[PDB]
Amino acid sequence: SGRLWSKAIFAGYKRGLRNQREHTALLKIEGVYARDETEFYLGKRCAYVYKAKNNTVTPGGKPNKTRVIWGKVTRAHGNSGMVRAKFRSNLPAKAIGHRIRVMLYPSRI
Amino acid sequence: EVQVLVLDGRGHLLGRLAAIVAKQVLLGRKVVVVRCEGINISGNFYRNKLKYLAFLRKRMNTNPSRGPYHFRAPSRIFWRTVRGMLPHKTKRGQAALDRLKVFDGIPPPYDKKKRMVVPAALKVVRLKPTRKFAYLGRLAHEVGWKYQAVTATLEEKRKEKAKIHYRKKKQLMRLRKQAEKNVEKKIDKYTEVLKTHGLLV
Amino acid sequence: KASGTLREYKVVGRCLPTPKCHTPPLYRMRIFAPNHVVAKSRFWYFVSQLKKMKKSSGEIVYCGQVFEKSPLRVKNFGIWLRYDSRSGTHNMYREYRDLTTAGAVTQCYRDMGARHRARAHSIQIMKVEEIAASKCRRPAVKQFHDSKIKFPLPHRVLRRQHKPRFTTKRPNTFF
Amino acid sequence: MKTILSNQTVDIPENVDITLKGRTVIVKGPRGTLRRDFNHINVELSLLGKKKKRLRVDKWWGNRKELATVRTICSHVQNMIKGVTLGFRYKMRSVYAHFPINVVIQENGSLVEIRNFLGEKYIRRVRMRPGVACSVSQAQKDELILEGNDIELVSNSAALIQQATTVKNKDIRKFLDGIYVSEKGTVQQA
Amino acid sequence: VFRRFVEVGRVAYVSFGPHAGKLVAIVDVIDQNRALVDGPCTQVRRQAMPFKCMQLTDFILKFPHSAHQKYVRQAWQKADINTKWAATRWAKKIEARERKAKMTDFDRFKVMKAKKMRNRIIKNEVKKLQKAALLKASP
Amino acid sequence: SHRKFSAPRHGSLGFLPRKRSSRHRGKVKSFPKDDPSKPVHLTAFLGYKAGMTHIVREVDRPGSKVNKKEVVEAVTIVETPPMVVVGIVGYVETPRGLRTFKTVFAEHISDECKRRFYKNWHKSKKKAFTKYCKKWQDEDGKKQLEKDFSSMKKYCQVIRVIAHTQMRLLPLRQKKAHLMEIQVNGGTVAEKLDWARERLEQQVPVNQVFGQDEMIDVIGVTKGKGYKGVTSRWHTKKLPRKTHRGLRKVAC
RNA sequence: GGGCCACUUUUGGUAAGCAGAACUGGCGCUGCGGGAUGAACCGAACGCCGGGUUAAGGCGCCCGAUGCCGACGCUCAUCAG
RNA sequence: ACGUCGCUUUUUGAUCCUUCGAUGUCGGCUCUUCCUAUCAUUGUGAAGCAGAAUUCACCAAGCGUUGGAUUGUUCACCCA
RNA sequence: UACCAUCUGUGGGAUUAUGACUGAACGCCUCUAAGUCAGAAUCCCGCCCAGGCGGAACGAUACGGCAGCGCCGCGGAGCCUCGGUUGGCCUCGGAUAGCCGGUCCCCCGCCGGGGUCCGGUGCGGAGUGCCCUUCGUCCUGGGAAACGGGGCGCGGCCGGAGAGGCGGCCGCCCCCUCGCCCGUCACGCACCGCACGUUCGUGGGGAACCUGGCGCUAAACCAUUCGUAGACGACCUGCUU
Ligand SMILES: COC(=O)C[C@](O)(CCCC(C)(C)O)C(=O)O[C@@H]1C(OC)=C[C@]23CCCN2CCc2cc4c(cc2[C@H]13)OCO4
Ligand SMILES: [Mg+2]
Ligand SMILES: [Mg+2]
Ligand SMILES: [Mg+2]
Ligand SMILES: [Mg+2]
Ligand SMILES: [Mg+2]
Ligand SMILES: [Mg+2]
Ligand SMILES: [Mg+2]
Ligand SMILES: [Mg+2]
Ligand SMILES: [Mg+2]
Ligand SMILES: [Mg+2]
Ligand SMILES: [Mg+2]
Ligand SMILES: [Mg+2]
Ligand SMILES: [Mg+2]
Ligand SMILES: [Mg+2]
Ligand SMILES: [Mg+2]
Ligand SMILES: [Mg+2]
Ligand SMILES: [Mg+2]
Ligand SMILES: [Mg+2]
Ligand SMILES: [Mg+2]
Ligand SMILES: [Mg+2]
Ligand SMILES: [Mg+2]
Ligand SMILES: [Mg+2]
Ligand SMILES: [Mg+2]
Ligand SMILES: [Mg+2]
Ligand SMILES: [Mg+2]
Ligand SMILES: [Mg+2]
Ligand SMILES: [Mg+2]
Ligand SMILES: [Mg+2]
Ligand SMILES: [Mg+2]
Ligand SMILES: [Mg+2]
Ligand SMILES: [Mg+2]
Ligand SMILES: [Mg+2]
Ligand SMILES: [Mg+2]
Ligand SMILES: [Mg+2]
Ligand SMILES: [Mg+2]
Ligand SMILES: [Mg+2]
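Protein chains in written order, with the authors' numbering: chain Lf, 2 to 110; chain LO, 3 to 203; chain LS, 2 to 176; chain LH, 1 to 190; chain LM, 2 to 140; chain LB, 2 to 253.
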């Protein structure tokens, strides 16, 4: 019961104009739209859950078709919210405009 | 939040709304822009009409069947302004542009829904009132659009049904102001809890 | 010369004492600058034009900020200045309303750039003093000289245009 | 420089009684009623008195070009008051040299036909703006007499029948023919 | 139209800035954009504030222009604003919007139970005021 | 550089894609503007070209060269047997155009009208409108047509009449009729749709649709010539006789 | 042992993305960030990478960044900028 | 008029940047499109515009701008 | 096949120059500043030509003895494949130098419509909002409910056409006194700190299999013809009464 994670959007990689750095993601989180409003999310854990064809092993259950790339939030990118994230393996480019779950893990409250 | 965003286009500026829409479009967010008849463009009419007439002159003389497609219906004029604000030569920007559905007037998927407003794009907020403004529905009519007269007769009869639904929604709202006057001694405990925590002024 | 909020500096200097005059005369200026570094560098700009005095044959005796004597009463500042255009140079007289002296001179630099495209290296403020209300001449200053000022704020334009960005109700401008 | 306040009151006689639907003046006199929407100029209007009934219009921080529209709205209201207390009578006179001009009045005064203009066979049929009673006088020999309450409709209808009778491809110093506005009067000399 | 004016003694409410949420009095008008502005009883020292930060109220204090602080203070206390304000609806909507932000997770549960019950009694009689109020049998 | 001698362009650009027509009857593409003040009538008809003839008549043009004198005009003859009203169709007007709303074909559709609905009449089993003819003789299939003839009354603005020709009365080899929508102008929508079932299964002659001595418009498909060169198709100037690769070309 | 460009100085020429000198830096031999694009301009020179911060330039959308309740003015252009 | 400020690239020069392991070179014929710096035609303003004729401007390139003698001619010139 | 014969060739709209109207700024004047008018071989559309990797309405939809197909079932058993998503908002028109909400006398078959009055307006009858709100059952008491809830119960009717693919109302039933708040009373895998859990969802799509019930029995192309057509394709036609 309950959603229990806050919802974010994968907007793009860390980039200039004619270069990009795929090791850092840029996330838009709903509700927070200021830089002085985003220190809550400043170290929270985040994830990209996706489904594929083959069954894979699941922690706590029998094998399903959902696979997850895990990451965390490092710091803020700009003035209008917009945290930047760092995942373990770099995000696939098909995930631009898709759901990233900000998970309320390690807490400071 | 994966519902559709529905925007009443009346009273908005053309590119001020287009820049807002074309960034939400890139972030998922299926958005539907209804009532393009009433989108405004800053500057006076004749000046803005000359911009569109100057566009009509751009034409591949070798074969104008292959050249620029000069859409004349307001919905497709607004569809082209956001096209130029999207990377529509890539699959990210073509899957983006499929999320925007543009309509003239308000079709019956969206006539019985609530429309959102963008205050950063409205004519009353972003123009000084001692300026001039053109209507996108009017400069489509003198440019070649066929259907402002059937759209006017279908928006008049929709506003006939909108007054009827409102006067029934407004009639139930003065029933709740009568019910809360009758059964109030039995909600004195419940109306004080909500009054304590920032509700029920 | 840049800007951003101008102070006012009392800069005092004199020529280094050679065996010609053992005590050369002290000179002082009032200088509106962002900080005392610029105030000591604009001092040797004018005192080299007024007197035959350079920085190597001279020293800054006293540099220091001049604070406003009454920053809580509204004063009429008439400013005599001197700038150069794309054509030749011109003299002017402008009037402002401000609480501080250095605030009405900041207000002059933004208004000489707005109306005349005069950059701050072009402008030379030479005199600034507190004009009374009965000696003002400019009509924009004199319209606020009424003991019964009364006006509304007619067309309040919405500033929070993005909080929220998408709302369901159209805003109000009558308050 | 933007002037903080520029007002101009407008006196109102006893036979009229005007109201304000925002920026919409509705003047109602013994000769009918008029109505103009002023929702393109940002001023505030105000009925002040209850015995003499003044009408003030403010401007509140307008520049030089906005400040010009304070006295015009006064002049539009004063043309509504004279329109419904007195009216607008335009006596206008036909000036011919060789060919006399025949003007026959068609249906209820809202249409004129100008036939014998410089001896040409074309018939000029120009429609009146609605509310203008164009007629032919009897104390003069050939002059038109058009009534009405709205000065932007009476003078426009008088300008339709003046732009229609223009001489083309000739000198206009000689060939002084046409129907011209002679005198702008009122009915019921106050 | 136009009833709330800027004048000498107009009590203004500051909407944003360093003094957001303070009532304050207008002392003098500094050239179309700024105003000499002093709140002697709401802890706001005399300074210049733009007219875009402030929002005009209904209350007007009487004192001459550019008067000292002690004369705008005993004019604040005669017809005392701090009991006139915090009795009007706009003052009540401010305190009944910040105490919704001061609402703990257990307070939010108690509103969730009290609202869900209160929307059962109100929902009940609006049926009884539309099925007994439709009892009409007249030509 | 310029040409030095002005000459008009050969051919219109307003008639071109000069392809084979994608049809054979002749699409109307524009019916006469309709206004309710008139009586209720048809606006088009459909006939076959039979051949030409010249006639002799005298002229009444007062002031002309040939007033009260007898001239020889060339005429053509169009065989027009009466068209049979076989159906009805109503259109609703939309901001995207003018879409078709509902059509109601009649019972007792003839075999020459059903011939059109088959590309091969020999091997077919003639089954067209055999499920649809039984809802004219039913109870709970009946009143859905009076729900079809009532929604098309209250929602449509333009109703048309599907009519076909009757080939059995002509000297041609083909027995397949030509169906055609012909709109009904002059009148309100509730009258023109009541009118167009009175005529349903009945014939209308050309005497009703078109009267004496009025001008009409003729819509058809040109006599076909085949693949032709630029001298036949565009009537360009031929090239001089000592041209190497071809006289009947366009040079530049 | 064919050079070329740029600031300033300078010769012939009406002028030239012309021809010829002086001085320094550059391009050629050299990629990178910005100038949309471009041998030379602006910043800065390069082993392979992770974190931080800047330069010149930017920050409605394309397209990273003002979704600041930015400050004060000027400007309406039926070829604006 | 004396002076003086421009535009243009339908003239001719100036330059040598591209092309010498090739980009077919004057004129005509033919054919399409474009430009306006408008000869005519549509709508107008001005005249030392009485009419007729002509002239100077303006929005304007929609539409038209021919048939020949001589010359390879582009140009030129006469006939109609 | 030929100006070498014959026939046909069209209507608006916004406006440019320009001429004006009302009319300020500049207490006079002024085509202009706000607001208007007349206006053309131009421009744009119609007429005309073509008809989108654009829609629509409608027709018929595969058998003579093993053969298919469509609809109505949560009717089943499970496979595969494509992915997304994690509660809803079911709607006045609009004004912005003003609005929203209640209301007395009056009138267009008792809704609407008006001018007084009464409140609200940094919108609180508020999207900065609102509605839902998910631990489970069992014991047991008090309140809200009694003009209640529930079902793919069937029939019955009405409203919705701009892309209606929907939204309400009903007569006979069916069990139910539970579900909403404040409490009593205890139990459930309490899986022994730990991830993809929580939904939409009985998802879309391609198959094949079993078991009921209800209906349906076609065309297109080739070949052959035709010559209103044509390089070839295509196109226009005909083929047991
Ligand atoms: C004296 O000049 C000639 O003989 C011309 C020709 O020989 C033409 C070549 C035709 C062939 C022989 C290839 O059939 C030739 O090689 O022309 C060059 C030639 O050959 C195609 C191309 C040149 C050089 C590059 C482009 N330009 C175009 C034509 C041209 C025209 C000239 C010209 C030179 C070119 C040259 O001199 C004056 O007029
Ligand atoms: Mg799933
Ligand atoms: Mg898994
Ligand atoms: Mg001091
Ligand atoms: Mg928002
Ligand atoms: Mg006047
Ligand atoms: Mg003449
Ligand atoms: Mg040529
Ligand atoms: Mg030519
Ligand atoms: Mg040969
Ligand atoms: Mg060498
Ligand atoms: Mg050398
Ligand atoms: Mg050189
Ligand atoms: Mg060289
Ligand atoms: Mg080197
Ligand atoms: Mg380098
Ligand atoms: Mg670069
Ligand atoms: Mg550039
Ligand atoms: Mg440098
Ligand atoms: Mg780095
Ligand atoms: Mg950029
Ligand atoms: Mg961005
Ligand atoms: Mg060369
Ligand atoms: Mg060569
Ligand atoms: Mg070649
Ligand atoms: Mg070659
Ligand atoms: Mg021109
Ligand atoms: Mg002329
Ligand atoms: Mg042309
Ligand atoms: Mg010869
Ligand atoms: Mg011919
Ligand atoms: Mg017209
Ligand atoms: Mg005038
Ligand atoms: Mg004009
Ligand atoms: Mg007009
Ligand atoms: Mg077209
Ligand atoms: Mg009130």
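Worth flagging that the hints you see were computed from the coordinates, not collected in a lab. Any given hint could be a false lead.
To be verified - Here are a few chain LO residues that sit away from chain LB, every Cβ distance over 12 Å (derived from the structure):
1) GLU39
2) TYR149
3) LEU156
Said to hold, decoys possible - Quick look at which bits of chain LS chain LH covers, simulated, 3 or more residues with Cβ under 8 Å:
4) 59 to 72
5) 135 to 144
Said to hold, decoys possible - Computed list of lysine to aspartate or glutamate pairs in EDC-like fashion (alpha-carbon distance at most 16 Å, straight line):
6) LS/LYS143 x LM/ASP32
7) LO/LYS188 x LM/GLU126
8) LO/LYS148 x LB/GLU94
9) LO/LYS197 x LM/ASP108
10) LO/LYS134 x LH/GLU66
11) LO/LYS159 x LB/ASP195
Note that CB positions come from ideal geometry on N, CA and C, so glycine has one too.
List in ascending order the numbers of the hints, as given earlier, that are violated by the structure. Violated hints: 1, 2, 3, 4, 11; rest satisfied.
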